[PDB]
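Here we start with a single chain on its own, the form deposited without the partner chain, put down as structure tokens.
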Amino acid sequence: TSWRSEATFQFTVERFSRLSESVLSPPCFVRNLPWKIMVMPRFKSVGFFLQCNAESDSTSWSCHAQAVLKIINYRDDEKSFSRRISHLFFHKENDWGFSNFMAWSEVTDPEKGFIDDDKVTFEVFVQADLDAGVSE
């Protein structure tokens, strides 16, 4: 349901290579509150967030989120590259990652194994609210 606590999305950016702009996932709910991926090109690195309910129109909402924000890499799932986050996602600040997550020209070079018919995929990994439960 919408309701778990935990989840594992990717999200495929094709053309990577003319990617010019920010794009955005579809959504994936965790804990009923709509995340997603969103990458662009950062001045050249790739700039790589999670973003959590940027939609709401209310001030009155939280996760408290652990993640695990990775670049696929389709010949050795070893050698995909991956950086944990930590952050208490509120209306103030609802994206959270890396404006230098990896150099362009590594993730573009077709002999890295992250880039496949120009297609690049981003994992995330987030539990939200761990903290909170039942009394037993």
Given for the second form:
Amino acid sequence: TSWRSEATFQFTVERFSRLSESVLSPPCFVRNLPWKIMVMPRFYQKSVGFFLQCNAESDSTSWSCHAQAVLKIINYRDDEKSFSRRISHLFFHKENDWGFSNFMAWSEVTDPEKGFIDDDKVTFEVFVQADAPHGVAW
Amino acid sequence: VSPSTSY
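Switch from the form deposited without the partner chain, shown above, to the form solved in complex with the partner chain and output its structure.
In what comes next, the whole complex appears, and the chain from above leads the way.
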């Protein structure tokens, strides 16, 4: 159920080579809160910005949720070559997302010979393990 | 290299 303490979800960004603004995935519910993948072009040299967002649309300023997660960019040719980084963060209204502005080089992810991009699509994945939130379901 | 918010 949505109360699950962990989950793995993916989001495929299309027309990736042409990305110019931040894109958000639909929500995946964990601990009954909406978690989303956020991707955007950055420049450390261009790089892929990859963040995990939590409960960002809520007007509440009383909530908080500590979570650990594995942010991964899927390599469709070989799963063992997927690029991953781990995070640990206390999510709350003032810091509702966390990740890396320079997750990996843009030139690498968009290289047709590396295996991360196909038909200009790149798939992002997040495995999140969150603790029970505070200031939500009193 | 280092994590942060998207801000």
